[PDB]
Structures are given as C-alpha cells and as structure tokens.
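Fit chains C, A, F and D with the ligands to the given chain B structure using the hints.
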Amino acid sequence: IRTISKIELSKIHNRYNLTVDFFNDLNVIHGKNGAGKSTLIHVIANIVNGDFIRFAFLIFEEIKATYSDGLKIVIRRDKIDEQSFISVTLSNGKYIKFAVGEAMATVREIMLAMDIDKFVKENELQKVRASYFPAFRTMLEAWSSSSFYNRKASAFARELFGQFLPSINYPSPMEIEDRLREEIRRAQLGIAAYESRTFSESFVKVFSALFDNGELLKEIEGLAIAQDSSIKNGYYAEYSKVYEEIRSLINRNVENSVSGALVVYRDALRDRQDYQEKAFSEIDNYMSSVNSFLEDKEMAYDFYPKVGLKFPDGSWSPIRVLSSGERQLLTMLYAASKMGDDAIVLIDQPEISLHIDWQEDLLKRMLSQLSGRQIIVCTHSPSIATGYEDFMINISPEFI
Amino acid sequence: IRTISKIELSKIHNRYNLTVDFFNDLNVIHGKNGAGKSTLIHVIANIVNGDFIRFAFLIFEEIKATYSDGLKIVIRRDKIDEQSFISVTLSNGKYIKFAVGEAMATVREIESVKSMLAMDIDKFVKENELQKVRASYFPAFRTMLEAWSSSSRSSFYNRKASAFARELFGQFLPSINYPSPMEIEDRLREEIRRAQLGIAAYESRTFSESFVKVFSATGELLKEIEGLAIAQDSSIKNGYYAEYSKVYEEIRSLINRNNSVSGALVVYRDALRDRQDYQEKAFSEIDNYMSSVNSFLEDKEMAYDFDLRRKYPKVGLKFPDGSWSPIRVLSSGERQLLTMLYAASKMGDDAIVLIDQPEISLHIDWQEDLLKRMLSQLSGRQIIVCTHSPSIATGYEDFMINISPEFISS
Amino acid sequence: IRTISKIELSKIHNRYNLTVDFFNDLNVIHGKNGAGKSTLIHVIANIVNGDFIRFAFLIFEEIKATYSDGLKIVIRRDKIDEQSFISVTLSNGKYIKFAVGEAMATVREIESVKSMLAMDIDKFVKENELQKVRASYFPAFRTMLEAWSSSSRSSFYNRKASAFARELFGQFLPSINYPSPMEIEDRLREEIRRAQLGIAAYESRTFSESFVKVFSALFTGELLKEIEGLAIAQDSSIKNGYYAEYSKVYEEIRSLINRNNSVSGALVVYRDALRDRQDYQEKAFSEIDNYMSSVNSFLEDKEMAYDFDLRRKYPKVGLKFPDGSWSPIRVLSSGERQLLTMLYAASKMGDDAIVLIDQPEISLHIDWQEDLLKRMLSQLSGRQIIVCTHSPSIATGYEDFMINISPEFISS
Amino acid sequence: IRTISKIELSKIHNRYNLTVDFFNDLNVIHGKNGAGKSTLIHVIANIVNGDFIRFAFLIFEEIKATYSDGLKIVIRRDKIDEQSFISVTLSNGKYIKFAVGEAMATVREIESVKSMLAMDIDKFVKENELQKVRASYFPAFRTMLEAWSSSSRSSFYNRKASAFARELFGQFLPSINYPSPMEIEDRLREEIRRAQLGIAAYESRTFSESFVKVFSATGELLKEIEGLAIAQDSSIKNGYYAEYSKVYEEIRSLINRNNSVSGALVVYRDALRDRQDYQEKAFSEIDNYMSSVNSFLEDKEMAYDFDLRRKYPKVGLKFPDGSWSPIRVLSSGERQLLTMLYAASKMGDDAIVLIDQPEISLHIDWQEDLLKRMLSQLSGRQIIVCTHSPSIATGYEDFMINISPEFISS
Amino acid sequence: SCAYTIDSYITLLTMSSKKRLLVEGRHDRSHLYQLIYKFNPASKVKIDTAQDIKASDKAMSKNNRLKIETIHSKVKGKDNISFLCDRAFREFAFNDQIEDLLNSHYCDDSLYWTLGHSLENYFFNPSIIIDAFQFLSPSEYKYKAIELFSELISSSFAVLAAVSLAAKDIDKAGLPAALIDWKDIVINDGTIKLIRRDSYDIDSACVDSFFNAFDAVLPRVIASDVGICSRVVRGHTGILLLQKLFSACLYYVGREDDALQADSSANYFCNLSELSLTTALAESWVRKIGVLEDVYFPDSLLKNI
Ligand SMILES: Nc1ncnc2c1ncn2[C@@H]1O[C@H](COP(=O)(O)OP(=O)(O)OP(=O)(O)O)[C@@H](O)[C@H]1O
Ligand SMILES: Nc1ncnc2c1ncn2[C@@H]1O[C@H](COP(=O)(O)OP(=O)(O)OP(=O)(O)O)[C@@H](O)[C@H]1O
Ligand SMILES: [Mg+2]
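Quick note, the sequences are listed as chains B, C, A, F and D, same order. When the letters of the first sequence are read in order and numbered with the authors' numbering, they come out as residues 3 to 112, 126 to 161, 174 to 240, 249 to 288, 293 to 342, 348 to 444. When the letters of the second sequence are read in order and numbered with the authors' numbering, they come out as residues 3 to 114, 123 to 162, 172 to 236, 248 to 288, 295 to 446. When the letters of the third sequence are read in order and numbered with the authors' numbering, they come out as residues 3 to 114, 123 to 162, 172 to 238, 248 to 288, 295 to 446. When the letters of the fourth sequence are read in order and numbered with the authors' numbering, they come out as residues 3 to 114, 123 to 162, 172 to 236, 248 to 288, 295 to 446. Add 2 to the 1-based position in the fifth sequence for the authors' numbering, that's all there is to it.
Just chain B, same shape as in the assembly:
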C-alpha cells in the first residue's frame, strides 16, 4: 500500500528545519523537549488526511511529503502584495494556490473547500487516512462523553490548541462499544443465514446417505458438549437432548445408513461450530488482545448483545468504569485491529497512564494482529521503545 517515507520541514514556526525519514512498518520518534514531535504528527496527519486548509494556519516556508510509491507533495507559503498564499504542488505537476485570508474566513464561518476536495479526489490523495491520537486523549474523551463526535471534539481541541490541529478521529471507547455491538449483530445474522443454508444442505446430504448401501457417538457427544456450553448460541443450546434421544434410539436398535447419517450429523455439527468460530474471529481476537493486559477483569460479551467487563465474582460492569490508562489501552489496541479502519496510526505520547508492563507489550500486541498498517509514535518513555530499538528515530531540529 501507500506509506509515508519522508517528511521535510523548512522554517516551520519561523524557527527550525527538520527532515525525517520513515520506515514502512513501525516508527518510534523520540527527542528532547520542544524538539517538534507533536508538530511533526500534525503535519503528517494533515498531509495524509488531505486537509490542506489547515496549512493556512501554520507559519512555514516549504513542506515536502514523500509516499512509498513515489508521490511527492510540496507545500509552500509565499508572500505577494503583503498577502500569504499556500501553494500545493504534486509530483504530477497539478497544483493549487489558495489565499490564507479566504481559508481563515471559511474556517471562522464553519467554496474553497470544495475546490480543495475536488483537487484531492481528482488525484486520489485520500487513498489512506490517518488515525490521530493526541496527547490529551483522556480529558477530550471525558469532555465528549458528557463522526459527529470527531467534528465536535476537533472544534473544541482546535479552539484550545490552535487551528492547525488535525481532526481528532481515533476510535473513542463509546465508538468501540457500538462497533462491537454491530459486529456481534452481524455475526449472529451470518450464523442465522448459515443455519438456514445448512438445513437444506443437510437434508439432501441425508437423502444422499439413504440411497447408498461407537467413537462417532463419542465425537458427536464432544461436539454437542462444546456447542451447548458456547456463549455464541443464545438460542437453542440444548443439543444434549437430541444427542441423548439419538443414542437412546441407537442403543434400542446394524444399518449402514444409520452410520452414514451419524457421519452427516457429525460433519454438520463440526461445520456449524467452525462457522460460528470464524464468524466471531475478529471480536475474539480483539478481546483476547485486550484481556492479555487486564488483570482483575475480563472484557466479554453475553446474550440483545451485551459487551462489558466480567469480574471474578461474576458481576458485570460497563466499559465506562474503566481507568484512564485502561481505556487508552482499549483505544490503541482497537486502532491496530483488523476490525479497525485501515489507516496510518499516529499516536502522540502512547505511554500516558500505562504501566511499564503494558508499555513493554503495547507495540508487540499491536504488531502481532497482522494489520499491515504503519505506526508512528512519539514517546518520552524508554519502555515503549524496548525490543524495537531498530525502529527508533531521533529528531534533532536545526534551530535558526
């Protein structure tokens, strides 16, 4: 796919220059205080999201962005007739110049934005998005809980920290809970469609077995025990009754058609169990990644779908009772999941409110989900970057 491979900044904030060269899988940016980590994350997020109207609010000279396939974007801030103009020039030669004052007026009001998105959609600059995790995730989550959440939180955070700040679009825990409920509903409907298919399929399988001339009962017993004690079946979890009826009628009565029907029944049971496991594959993988971190609780679902936290006494609690660090762990593990949106994960200070035993495994459990996405983190903690010191990038800007 398309990944950021180089970012150059010239006279940004009229203060410094900085050229960063990236990897395609993991980048651990680190540096001293005021080295420009957060501004680098903002530049990357604004370029990748295609939100070039943010660059009217940044004082700079030239910003060059190189992707993996060779696409290059050059953004310049020129001064003519005591007016600043932002010029975006691609590698294709197609360019767009817009005035700073018009962009500022449209921002304060919220035509030019339509031209910008026409230019972006013409050249496919929004092929891959970026999930932006700010350094102020906790108070923003607490404020917004008291894409519309993205819009309101982006407006509030841009009011607080300036208008260059990108659109906050990381998955909030409420969004995580809602999308988990939707995926559980979709998995239940897929199981229903599979049962409706396999009913008519197993009928002609039985009819094929009836026209041709021991441990199977134990295997059917094991499959029925596994399926009856499965949380994914909220309806008709009584295969033990029909298994007992089948074994009682067998022990009361050898036809080869009975053995063929037992083979068909065992195959139907194991195939329904296999489809039931593969329908809940993403949800179980995500909750297994989360539950490898949580100590005295366990994120789980139960049957209307219920998604919450089981405690060792068996009581349930919502996700809202979680800590700040545990909620941040949930969001950062969801952004790297396969059910999360495929993007470029940009996290600013991922070590916030995380114990060092979680910092040492955060990047490992994010890269072990085989998402294939590019992760760029900016950290102050040596425990985030442990085990992955080959991917550490140290930024030392040249101050002027």
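These are computed hints drawn from the structure, not numbers from a lab. Just so you know, not all the hints are guaranteed correct.
Unchecked claim - Across the chosen pairs, the derived CB separations fall in these ranges:
hint : chain 1 : residue 1 : chain 2 : residue 2 : range
1    : A       : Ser-86    : C       : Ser-86    : 30 to 40 Å
2    : F       : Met-126   : C       : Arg-208   : 49 to 59 Å
3    : A       : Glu-111   : F       : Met-126   : 44 to 54 Å
4    : B       : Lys-382   : D       : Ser-201   : 25 to 35 Å
5    : A       : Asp-434   : F       : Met-201   : 49 to 59 Å
6    : C       : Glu-256   : B       : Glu-137   : 53 to 63 Å
7    : B       : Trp-360   : C       : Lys-179   : 31 to 41 Å
8    : C       : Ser-162   : B       : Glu-137   : 35 to 45 Å
9    : B       : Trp-360   : A       : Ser-70    : 52 to 62 Å
10   : A       : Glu-209   : B       : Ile-98    : 28 to 38 Å
11   : A       : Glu-209   : F       : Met-126   : 37 to 47 Å
Stated by the list, open to error - A partial selection of chain F residues facing chain A, derived with a Cβ cut-off under 8 Å:
hint : residue
12   : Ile-211
13   : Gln-215
14   : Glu-222
15   : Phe-226
16   : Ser-227
17   : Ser-229
18   : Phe-234
19   : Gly-249
20   : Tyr-270
21   : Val-277
22   : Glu-280
23   : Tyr-304
24   : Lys-347
Beta carbons are placed, not taken as given, at the ideal position from N, Cα and C, and that holds for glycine.
Then chains C, A, F and D with the ligands, alone, in the frame of chain B:
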C-alpha cells in the same frame, strides 16, 4: 385489561358541567365546535397517564373517573386562606393532597431531576399502581409539532416537544405520547431482527427434531414439496436464502434413479410446512400492519428488504418503478395514517388511543376506512376519537356519543 | 505541622479495600493499572481540605484517615431505610451526619451562596480545626486544563476550573488547588517587593547605628583591599539595580585617605556595614534565589530572573535569554510550566500544604524526570509530597520512599 | 504640548453650523439647553482620540480642526451615487477616505477579530501620529454609568460600558475615557508603591553617601536634630522605621558624658533634612492631590496608611474618631469631585479634559471652589467644560465662550 | 538517547512484576527468544539488553558485561530477574593445551555464563552448521560441498581456535575478520592451510605478528580435545571463518564443472550478511535441541526463569 368507563366533570372553567359514560372498546365523540371535547381529552389523558400535576392548572371543583375494574378517582380543587390545593382520592380510601402554587413553583423550577413534590406524586402513583394503562395522545396541532421536531421525539423521549406544546397551549396540556415515524421504523427493524432470530432458532430445533424422527426407520408429496419450494422462493421474507427449488430438484433427481424413503419424504415436507407456517407466525403482526397501511397508499407501499451483501434490513417506501425511499418523504396525511395505524397496532404499547380531530390532512376516501382498518387489526385497544365530520363516524353510529354542556347561571 | 500517616479504605465501589501507610517526607506511590491510585489521591485531597460533602458522590463503606498528631477521621456511608447517609466521626467524639440526597441537592443548587448543609459542614470543620493544612492537588489532566483556562485560576479562586473538571470527571474530584504560573509570578513580585522594603529598613537602621558608633568611637592595608572587594561584589550583583555606585564612593574615600588610629575604627565599621548589607541582601532574597536556582537547573537556553531599573519602578520578573531579550513566564512550553508549578508547590514560598501530584511525568523528558524529585526535595521546605507515578525515572534513587498499592478484591 | 485652537463645523445634522476657537489652557462653555455643546464635545473627542469611525454616524459637510502646532484636519462627508463617504485630510497632504456603509458593517461585525477597515484606520493613525495626546471625556450621566458598573470599568478597558452608552445615547457617542474611582484607587496604590521604592533607592544611596561625608569631617544643633527626629517619628512615610528619638537621646548622652564633632552634627542634620525633603518630594504629588480633595471633605479625609505587619498600604477615608473607610462609602458628589480632581491632577496622563455638566449632585459651595482647585494644581492640560451654573464659571469670565449655532434654511 | 540508566533500570526492576532476563546484545535477545519460545510459545518472560542501558562512566558506556555485573551486584537477591553474560576466555587454561576448568554453566546468584566463548558457540555443533549452511546456500553444488564440509569440520575447529587465540595474543580481535579471505584457504585431505598471502591492505607487521602467534599456538591447540576446542572460538570470529571455509570448499569442489559459476556462488556466500547466518544457525540450533545428545543449551538458565 383496564378501560375507562365514566367521566364526570363539575364546573370546568366554573361555567359548564359534563358527564360522559364510555364503552370498553370504541368511544366515538361528536359535537359542535368549542363544546369542550379537547378539555375532556386532556382530562382523560391526565387521569389515565397518572400525571396529576396538570390538575393544578385547571379551574374546577370536582372530577370523577371510573375504570372497568372498579377503581374510582375523585379530584377536588379547594381554596383555603386564598391558597389553592388539589386533593386526589382513590376508591380504596388512599389519597394525596398538595398545593397549586407549590406545583407551579415546581414547574417553573423545571423550566428554569424531579423535585420533592414530583417525587411524592410519583411515589403515590407507584405504591398504589395508578399507571397500569397509559394513553397515546394525539394533539390537533401535531402536523406543526412534527415539522418543529424535524426542523430541530419519541413515546418516551418527548420532554422538549411537550414543553413547547405546553408553552403554546398552557400547562394543563398532557404529555405528547403519540410516536414518531423514526420510532416506528426502529420498531419495525427490531421486530424484523427478532423474527429472524426466532426463525433461526426454530430452524435449528426443526432440523434437530427432523433428524431425530428421520432415522432408525409419493408423487403428490413431491408436487406439494415443489409448491412449497415455489412459494418460499417467491416470498420477500426469504431474502437470506431463496434456493429451495434447487433442493427439490436434487431430491427428485436422487429419487428418480431408484416405504422408508416415504417417511423421510413426509418428515421433510412437514419440516418445510413448519418453516412456512413459522415465518408467517413470526411476521403476522408486521404483515397485518403493512396490509393496513398499504390499503391507503396508492403509488407506494411500505415494505422490507434484506440483502445478503449488507446485514441491515431496509424498511421503507417502495414504488412500482422499483425505487426505495425512506419514510420521511411521505406527506402529512400519509404520516398521520401511519402513526394512527401504528397506535392501533399490536406492535405498539398497551394504551388508550385518544385522538382529537382525526380528519386532519386526510382525503374523504381515507376517512371512511381509517376506523375500519384500525379496528380490523384487532389489537383490543380502547379508542376515543373527537371529530366533527360524519365521514369519520360512518358505520359506527352506535358508538357515537354527543356532548352537551350544562350551563349554570352565575 | 500535621501530616497524613495512614489511609484505610473499605469496599470502594463495593469491590475492593486498601490500606496505605505513609511517610512524613516523600511518598512515591506506584501500582498496576486500575489499582486505585488516583482514587486514593482524591480521598486524601478531600479529607485534608475538609471537603467532606464530596464523599456523598463515592460508593464506599468506611474510610479512615490518621494524621501524624493522632487525629483520626472516620467517614461511613450507610443506607438506613433506603436513604443513604454520610457520617463523619472524629477521635474526640465530635461528629456530623448528613444525607446523600441533601448533598446532591446542595451541589445541584451550587451548579444552578452557601446552603444550610454547606454552612454546617464549614462550622464542623472550623470548630474542630480540621483545616490547618491545605492540599495542593496536581491532577493528571492538568496540561489540557490549563490550556482551557488560558483559552477563556489560582490556589484560592479556582471555582470555574474545579466546576468544569467535576463536570467532566464526576463530582468526587477535588478542587484544583495547584498554583498557576500567574500566581507564581505575582508571589515572586510580592516577595521581591517585601525583600526590597526590608532591605530599605535595614539600611535606615544600619545607617543610624553606624553613625552612632562612628561618633562614639571617634572620641589598614588589608582593610582597604577588603572594602574594595566588597564594593566590587556589591556593584556586580543584580540586586543593586537601583544603585551601583559603591566603587566610586570607595575611590573617593581612598583618595581622601591617601593624601594624609582614629581612622581605623571608621574603616572597620565601614567594612562591617558593607558585610552586614551584603549578608542582609543574601538573607532577604534567599527563598527567591533558591527557587529560581531550582528552576534554572532545568531550563537550557533561558533562565528565570528579575531586573531592577531606576527609570521604571516595577521589578521585572520573567525569562531572560543570552542575547539580552526578555520574555514573560507565559512563553514557557507545557513541560517547563509543569516544572515551574511542581517546583513552586514544593518551595518555601508556597503555602503550608501537602503536595499531591498525580502522574508527575506528564510532558517531561527522561532527563527532567531524573532530577524533578531531587530538585523538589533540595529546597528543604519540610512538606509532604505524595506522587502517583508509573515512571521508573521519576522514582529513581528513592526506593526507600516507594509505596506499592495492591487492593484486595472482595466477592459479592 | 499639543492643544486644540480652532474648531469649525459645517451643517451638523444639516441644521446648524458652529465655529468656536478654543484657548490652550481653559475653555469654559456656557449656553442654553439644547445648544449642541454635547455634540461639540463628542466631535472634539472623536477628533483628538482618533476615533474617526464615529464620524460615519454624524451628518455633516466639513469639519476643520486646527491645533496649536499648526495641524489642520479637514473631515468631509460626501454623498455619491447614494453612497456616503468620509474623507479625512491632514494639513501635510495625507488623507484617507472610507465608506459610511462599510464603517457601519464593521461596527456591526464588532457588535456580533479585527476587520480590514479598522486595521486601515489604525495604519492611518499610526503612520501620521495623530494620537499623541488623548482626551478624557466626562459625560453628564457618568454617575449613573458608574452606578450601573458597580451594581453589576477603566480608562483602558471600558468596552462593555462603551457599548452600553452607545446603545443608550446613539453610536456617535465616543469611548468612555474618564477614569473610574476604582482606577483612581489603583493608581494611588501604584504611585504609593513607586514612592516607596524610590524612598528605598534613596535610602540605599544615602547609606552609601553618608560615609563620604563622615570621612570628610553644638547645643544649637541638638534642638533642630530633636525637632527633625520628632518630625520623622510622627510621619506616615516612616512607618517602617520611627526610632530617631532614641538615636538623638543616645547622641546627646554621648555628647554630655565627655572640632569634628560639630562637623558630624551638621552633616547628620543635613542628611536628615535631605531625607525629609526627598520623602516630601516623592510624596508631593499625592499630598497635593489629597490636599485638593480634602478641601471639600468635612467629617473625613482621604488618606494613605502604611503598615508593618502587612506591606500593602491602604488608601481610604480616615475620620477624626479613628475609623477607616474605603472610597465606595463616598456619595455621588464626592465621587464626582474626586474624579474631576484626578482629571486635573498631574498623576494622570496628558489628555484633554472634556466635561459636560460638571455640577452633577454638587453643593453650591463646592461649585465655586471646583475650578479654583482644578486650576491650582497647574497641570497645564487643556480643559473644555460645558456648564449651565454660573457658580462654576465665577472668577474666570475671560474664558467663558458662548456657543452660537448658525441655523441654515432648508 | 531515550534509554534507562543503571539506577532507572533498577527502579524498573522494583516496579515490574514480570520474570526478566538481562543479556548483553540484541542478537542474544533474539536467539534466547527463539530458545524460550520453543519450550513455551506462550511464555511471558521479558528479555532486556544491557546494550540499551546508558552508563554515566565513559569506560562502562560500551562495556555490556560491566553493566550486567553492576546491576547484578546492586540487586543481588531479587527473585524475578536472571542475568546471562559471555564467558569469553575466562576459566580456560593455556598451559600448552586448552583446558576447561568449569565444564558446566557458571552460576552465582542468578548470574550465568555461556558454556562456550559466547552464545554463538552453541551453534558450533556440526549438525547445526550443516543444516544451516544447506538451507542457506546458492543451491548449485550444495550436496557435494556439504559432504566435503562434514569431513573438514572435525579438524577445522583446531584452526579456528588457533586463529582466535592468535587474535587475542596480539589483542587484535577483529583482525581475522578483514585479514583472512576465503581465497587464501586451501582444501586438503581433511585439513586446511591459510597460506600467508603476499598482498594485504593492512601493514605487513600486523600480518607477520598474527602468523607468528598462529604458528606458536597451533601445536598447542592440536593436542587439545576437539570438544573443548570448539568452545574457545570467538563467537563473531567463528561465524565469518565458517562462512569463508564453506565458500572455499564450495569453490574448491565446484570449479571443475564451471569455474565462473563456482566463483559466483562462492562470492555470493561470502557476501551473505552475518545476521542471516546467525539467524539460520539459531533456527537450526532450536530444531536440533532434544533430537541430538550433542547439542547444548543453557538449561540451568531456562530452569531458573
Ligand atoms: N505557534 C507555535 N505552535 C507550536 N510550537 C511553536 C509555536 N511557536 C513556537 N513553537 C515552538 O516550536 C517547537 C515545536 O514543539 P512542539 O509543540 O511540537 O512540542 P514537542 O516537541 O511535542 O514537545 P513536548 O510535548 O515535549 O512539550 C517548540 O519548541 C515550541 O516552543
Ligand atoms: N464507578 C466505578 N464502579 C466500579 N469500579 C470503578 C468505578 N470507577 C472506577 N472503578 C475502578 O476502580 C479503580 C479506580 O481508580 P483508578 O482508575 O483511578 O486507579 P489508578 O490505578 O490510579 O488508575 P490508572 O490506570 O489511571 O493509573 C479502577 O480499577 C477502576 O477500574
Ligand atoms: Mg508534544
């Protein structure tokens, strides 16, 4: 269940008295303009819904209410030392009393979390169980109210709409309990999802039962199986799986190349019959509601469709040209017919359908069939309608009740 | 003074208990995620500030707080006839008891002038002297909170920020008492003005006493060099911005001496007067220079300093750059502002308090975390610092003061 | 400094013309009711303050302003193609021109971020240096304005008060530039702090310079030294140290128990005299202002008090019974006298004192002494006062200017 | 850089509840991760590297072993951490014959030493070297090269040990890495003889001193036991020396069919990255544990954690 049967009013606005007896099934009310039918509707709604705090906003002396189970409620307005009080006394001897000014201060505090008086009223109606039956209230201005809601509501979340309505029409006005089309759409989607889940559970149970019955053990049977497969393939409800005819053809091809096979054939036919009957059993309420709704619509029909590509069953308007549209593109009269039919449907909650001027934005064809289609759903709800047109009340002249106020010289 | 010594919790949120024993100087509190560190800090800050009406918003059974002098406060939440009640019982038998619904109604009325319950709570905490020591509370969310405050607060007038933070994070959260950098700048200006006035009073007293001693005692090679060194050191100080003419007076006195016993006494009392003025300048500016030396140990390309000019009459306090430019203390970054506030709270200039910091490693580089606790403890204020951290770079070198938290889950 | 000399108006509100020349020291204006003196005050305030965007709210033809240094400014309103324009042309040839409707759009944008026209006006008044001297505008309703402010303002932040005054009395009304009594109190505290720091610097300088008088070095001097010690110990300014009497007694005892001694006595007397004279010089402005204020106060006096426990000095009313009261206990007339005397004080900045009806809630004895006390301070500012009371303008009949509006036929 | 100091890491040990292992380099971390994950693929042991710990002392800055000893001394008695270092030439006797004074893994309060010179000496079992070279080969004449190599590997360890000992006598440990090239090696009847090439980029004095030390140490290495001999070879030296010895034997036995193809294959093998060789050897070493009794591993260290 519990139905209202008699309402006695004394000195409403200190000028007229009214005493109307009611039936348990249908109560058609007819009269002249300004007879006090709307005030009687507000009194009945505040009595049935248990919102007694509205009764501090009425200039009256005594209100008597009688239910079907023998519960009688007497509401008395007193004025002692210039301070006005409301006392509500039940039939068993339980009663409460409060102040008019205290209730007005509570309402003004709500305008500017329940207070102590509202919690006292809630505790009194909870420990005596005075809200067994609710009442869906249809105001005469609901065409403006739905436009106000769409330019800015449900049966449970209607506080701002009720506040706006009570701002426009005084604080005696009851809560807006008639549902929104979005609530109807969400209820339809939830009913469809629950029907699909029950169909899947019954399919698993039927497959297990047929497999138990089929082991350890003709042309007309195949014809009936073919007819069942044709009927199930040509049904809207089987959008997730519509390949029964291929199953029938494979069964017939397996049979044709070569008793005990007849038992498997009849249990397979009985399983197909059980699935066909269970689908109609699950979708009976939705099909009855859509049959009542589509009996009025001409160039469109309300229908559901579930594609296997998506997992969200889409319910809405369908044109003969094949277009799919949401329910918000309906006009005022079609939306009124939809809401009044859902209020009389079995899908809605058990309440008393109180309608003021049902002939709002309706053609004269729909007026002669609205009450017939509401009563044909057989939901058993008690319906009280106040109309000025005979086209509403045609064919139901025995339920027509006239209101004659009793003027007193003062 | 009075410091906390033991906090015992019983069934917080009906699921876990905790018992923490504290030290009187520094308490580095660490634990796993979700252990109950921030809740413990909120409990301590509510108890020490005497804001017991917060405890109607927490589900618990019993919270015991022991101080260093032996005063024990026991807060118990009971449910009598479905009505919940908070009872605060001291060790001298004095007690109060109120309703949770009454406290919620009082807080809602404050949201929309003290009520009867607030006046009774304040009377109970004032007649028992429960509010001797304050509690500076540094929240974990302070970095966005001060940005919100500057986009629209002090240790004493922080009602809007505390109300907003309680709106976001629930009503049990304590008041935001940590000093803003504006409060730090105002306190630095007031301390500089007080030190200048004390220096002037010392100058008047020393002038009168020195004239009396000269006139009474009236009826040398090393002395002139020592007085020369003292006058050179006096002219080479920032504190002498209003007068830097000591060397000229020394040269005039030396020229009067050199053209021609009794003069030795005048020379030694002149040396003693210069020594006394220099030592009083060191003493009167001791706390300000100690705090600014702690802050300037962190800043790289700038230093916080004060300047006196004769043309104006306002002592300028702010950042100073090596190229001579001057900038105020609001041009600091977020991490440097965190260092400024967390070092002023542990200084002698701050109020007598217990410094409760939640996540002190927020927006700090790993080089500043290794020196933060050392520079807080090196000012010798005599405070009690309680920090809740996840960072081993904050807690390094202080493993004798580290407190582990492990709550005990109780089944239900 | 720069003072106004000549004001010529053409067709103010298309009804009257006015041409009044002004003195550089005092401008007493007398006339009948509705003569237009307040309009002239607003015109002069908008001319001097550089707030020319108020001139879009005035219907005029040509306004000529001539200062003392030769600065002539011509403001012309034109109506071309129904669009009204304001052109401001200086005596050096520099000019600007802007639309009236664009100015009103900028004003409405300010009512509902600086616009381009406001920045252009700022550039025009910055590159031409038209705002060297400010102008203090005293409205006739300033007591009601400060009562409204206190029941809910400064010379640098008065935007809410300016918006309220422009809403009440038209948008032509200029910015409220008269100082509040709270601003007077804050400026008094600031000047007391400046005087204390200057006294500290002089104390350090005298401590260093006393030894150069000692190294350079009877009964008649002891009496003067005792009197100086009594004067220093009985002074407000020496609250931090008032122990000179013990020093005098020890010096006298050491003299009596057993040349250069007379030299030491005379340099100590000179040092104490210089210390007292420097303290009097440092507090001279505040003492002159308080002497001007206390001439009107009967049973109290505005005074400053130091302290040794706290270092924050207190400015307020001291009674002969010993009570201390703040400045908010003063009445309306005392507050008006305080603001007018601070307007004529040397502590305030160089501006033009524009007062309309200074005699608001003033006793007739205070009116005869107000202008005497204002001119006794010798501030040298230009004062334009519009009054109807002859007790204000007695003794200064040479500076009394009558306003004669020249009515035009239309 | 962004890394812990000695004190910060000790505080981390106090705060962290994991089972930890401290090793010198990142390559040791990768190899030990494979070793641990073979026995327990779900193991939760965290392995830290002393290479990523800052030291204030200039001398201790690049001395990983001194960092480990300092940390171990200051937390001596902890239960959740174990330490592993490289034995180097410690506890070996050079009294005219190579003698191992331990013949087992060293243990001193959770501080362990590798059985060989370093961790890579565990790869020096002949079956592991064979399997690894066979898997990572040009795949042209692999079978005959492997057959010849299995004959040469028995006596080649004496040569490798002599090279390492000659390197440590003149303290130029990294000298044979760039000095000796695969073309200098000659394949004899089971032996090899690194001819002293006339042309070298380095000065002749160093080359002459190296061969003087090699000649003076070779008979002593010959008289020693082969098993003891295979453990004293320097870890970094041995990998490259085996890479060249295999490039030489491959070209020696493959030149007759096609000289150019054999030369290209030999140069391709010689240009292989060290990390590739170590990873292939590590995978082979992991697979051979438990199958052959002649493959060793730090069993005590694994048991302790
Ligand atoms: N308007 C501005 N916006 C942002 N940074 C600015 C601005 N003006 C100057 N700067 C400087 O530019 C640099 C950019 O730093 P940045 O805001 O990215 O913080 P950082 O490197 O993430 O640091 P940290 O989070 O550790 O405080 C800083 O030195 C900052 O002081
Ligand atoms: N309302 C609640 N009901 C039940 N449990 C709660 C509730 N609120 C919080 N908790 C749990 O109790 C603890 C509360 O304290 P808290 O989250 O602040 O601890 P912490 O160790 O400081 O957290 P952090 O992970 O942010 O460092 C957490 O374990 C949290 O999951
Ligand atoms: Mg940052």
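Query raised in the report: Lying within 25 to 35 Å: is that true of the beta-carbon distance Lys-382 (chain B) to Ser-201 (chain D)?
Result: violated, 59 Å
Query raised in the report: Is the gap between the beta carbons of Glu-209 (chain A) and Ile-98 (chain B) within 28 to 38 Å?
Result: Between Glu-209 (chain A) and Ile-98 (chain B), where Cβ atoms are some 55 Å apart, the hint is violated.
Query raised in the report: When the nearest CB of chain A is found for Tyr-304 (chain F), is that gap smaller than 8 Å?
Result: Cβ of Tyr-304 (chain F) sits 6 Å from chain A, so the hint holds.
Report task. Just tell me: holds or violated, for the beta carbon distance of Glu-256 (chain C) and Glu-137 (chain B) against 53 to 63 Å? Result -> holds, 56 Å
Query raised in the report: Does the CB of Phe-234 (chain F) sit less than 8 Å away from some CB of chain A?
Result: holds, 5 Å
Query - Cut-off 8 Å, beta-carbon criterion: hint that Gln-215 (chain F) touches chain A - result: holds, 7 Å
Query - Evaluation of the interface hint that places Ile-211 (chain F) against chain A, nearest CB under 8 Å - result: Cβ of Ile-211 (chain F) sits 11 Å from chain A, so the hint is violated.
Query - Given hint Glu-280 (chain F) near chain A, where the shortest CB pair must fall under 8 Å - result: holds, 6 Å
Query raised in the report: Between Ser-86 (chain A) and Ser-86 (chain C), is the Cβ distance one that fits in 30 to 40 Å?
Result: The hint (30 to 40 Å, Cβ to Cβ) holds, given that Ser-86 (chain A) and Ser-86 (chain C) are roughly 35 Å apart.
Query raised in the report: Would the hint on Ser-229 (chain F) stand, with a C-beta cut-off of 8 Å toward chain A?
Result: Given a least distance of 6 Å, the restraint on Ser-229 (chain F) holds.
Requested in this report: Confirm or reject the claim that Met-126 (chain F) and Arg-208 (chain C) have a C-beta distance inside 49 to 59 Å.
Outcome: 54 Å Cβ-Cβ, so the 49 to 59 Å window holds.
Query raised in the report: Could one say that the CB atoms of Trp-360 (chain B) and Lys-179 (chain C) fall in the range 31 to 41 Å?
Result: holds, 33 Å
The structure is inconsistent with the numbered hints 4, 9, 10, 12, 19, although it conforms to all the rest.
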